[PDB]
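Only one chain is shown below, in structure tokens, and it's the form deposited without this ligand.
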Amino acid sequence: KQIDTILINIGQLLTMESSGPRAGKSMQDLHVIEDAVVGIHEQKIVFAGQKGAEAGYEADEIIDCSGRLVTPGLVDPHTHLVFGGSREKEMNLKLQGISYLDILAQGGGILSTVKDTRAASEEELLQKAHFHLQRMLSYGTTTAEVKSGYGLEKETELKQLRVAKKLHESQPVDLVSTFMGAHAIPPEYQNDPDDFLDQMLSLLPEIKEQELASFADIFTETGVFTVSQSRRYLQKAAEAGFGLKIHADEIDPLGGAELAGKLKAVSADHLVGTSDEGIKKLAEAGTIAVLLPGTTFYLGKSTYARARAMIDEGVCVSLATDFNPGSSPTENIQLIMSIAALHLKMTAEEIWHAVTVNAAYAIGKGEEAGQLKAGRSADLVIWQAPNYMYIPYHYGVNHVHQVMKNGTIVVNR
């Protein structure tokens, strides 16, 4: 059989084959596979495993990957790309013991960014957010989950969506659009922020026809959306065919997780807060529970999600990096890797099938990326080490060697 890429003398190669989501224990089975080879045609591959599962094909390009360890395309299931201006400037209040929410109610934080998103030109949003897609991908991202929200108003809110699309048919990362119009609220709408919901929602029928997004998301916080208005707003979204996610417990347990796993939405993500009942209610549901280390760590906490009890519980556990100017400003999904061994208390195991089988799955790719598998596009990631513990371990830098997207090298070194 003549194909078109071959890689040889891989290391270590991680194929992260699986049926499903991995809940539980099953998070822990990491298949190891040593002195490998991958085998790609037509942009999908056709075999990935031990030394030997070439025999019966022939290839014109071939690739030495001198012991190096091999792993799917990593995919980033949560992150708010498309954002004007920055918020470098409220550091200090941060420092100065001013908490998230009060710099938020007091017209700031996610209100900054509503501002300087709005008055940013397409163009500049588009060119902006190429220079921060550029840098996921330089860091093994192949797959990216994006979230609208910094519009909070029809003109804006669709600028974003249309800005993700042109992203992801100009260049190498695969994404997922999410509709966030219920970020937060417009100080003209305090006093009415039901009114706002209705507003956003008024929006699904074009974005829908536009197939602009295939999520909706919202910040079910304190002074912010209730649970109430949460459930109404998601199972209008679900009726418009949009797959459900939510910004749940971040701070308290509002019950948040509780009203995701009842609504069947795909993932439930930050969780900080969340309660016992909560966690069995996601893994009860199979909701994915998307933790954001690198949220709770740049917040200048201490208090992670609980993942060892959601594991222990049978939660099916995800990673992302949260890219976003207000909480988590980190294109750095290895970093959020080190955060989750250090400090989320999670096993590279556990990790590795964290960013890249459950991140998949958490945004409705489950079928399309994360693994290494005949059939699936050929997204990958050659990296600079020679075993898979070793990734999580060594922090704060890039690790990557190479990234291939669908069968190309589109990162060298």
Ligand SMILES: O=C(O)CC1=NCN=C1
Contents of the next structure:
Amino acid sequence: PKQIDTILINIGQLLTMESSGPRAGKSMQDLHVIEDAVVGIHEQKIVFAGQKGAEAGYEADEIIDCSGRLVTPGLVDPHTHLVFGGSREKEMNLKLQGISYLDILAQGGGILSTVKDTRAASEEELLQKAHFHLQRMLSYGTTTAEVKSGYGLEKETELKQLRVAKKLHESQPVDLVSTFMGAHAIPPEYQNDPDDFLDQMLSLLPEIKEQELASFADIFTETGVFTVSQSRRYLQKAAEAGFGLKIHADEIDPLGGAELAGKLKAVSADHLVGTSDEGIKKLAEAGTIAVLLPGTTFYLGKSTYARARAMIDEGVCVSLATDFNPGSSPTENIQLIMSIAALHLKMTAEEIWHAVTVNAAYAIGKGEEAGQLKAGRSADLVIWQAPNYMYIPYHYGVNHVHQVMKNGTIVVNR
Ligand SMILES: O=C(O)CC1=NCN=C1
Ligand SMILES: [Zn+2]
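Could you drop in the structure for the form deposited with this ligand bound? We only have the form deposited without this ligand so far.
What follows is the whole complex; the chain from before opens it.
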């Protein structure tokens, strides 16, 4: 019967992002915009979302007047390292002094610095710290996010990070996708035996699988870290073990991480700053989603961003993320990422919106559950303090959120 819980009326602009799959190449530009719209919600799910009139015959218990505001699905942040101990502010001077990201790491700092902190922090402290950051992420519009482990580089801590991720997911509104990234860096105890280290991380997959602590396996394929050869062997093992594949590829040096991702049919390849044309073609060919992290580029103090236009021109499905982490991108503001995407990745507003909703969702195996406002989907949406979708990435560095809804309930009210 047409008796539902909630209905949003007088929506100035509604972006349903309705799609039948990830958006690649030209389809990323095809943004469907509905003026003067409405959204019907019942039992935490979307009943209807479209032109004014669709609410005809319906009786709702709660009518939300959006005052001509912009409404879109809740945002998806497909790549973060949410759970971590300590912070790296004391490393700012090293970067200012011109020491490269990799040289800091080779010095025993960077990821290895955060590893010490994360290993030392209690499970309760990590949970408390992550809740704060995750709620801030929520306040900026993120209702679904991917979170990677990778600051343990040992059985105890990696497992602790995954358990924390599980707690967070079950104790607050943001839905989380967990990724095991024990292969983030080479810990001191394995400096001269990286392959053995990788095997130790692989030995953790069975129990991680049994306890459902992670759905994907990631790795940092980079100079001074893991080679393409080691990454292939590791990822193939991960796939046999039943995990989806992700990879931090061609972030700094052009090693061919992208090509490997495509060959292994990874769900996504992330960073891709130094990816070759062959890598771009391989990504498009395999349907591997290219998750760009313009925040990390900007934060590293660099001027060369990933070649997003070339990727889109070549048929790649592009996505974006904060890469929220203490070392190279300490920001929860996915909206700023949208702005950076426009100004430095040279993406259009349309492409950007598809990037943080539909493509972000598919990049983490949630293509059928998030990023779209259509019948059956969980009622996850954002009512913005803006009249149109171009305004969001246009006005930068702030929070444009008016209200955030998760499962049909307002969880953020500004
Ligand atoms: O530096 C960090 O903590 C995070 C990072 N991993 C790979 N690139 C950046
Ligand atoms: Zn990352």
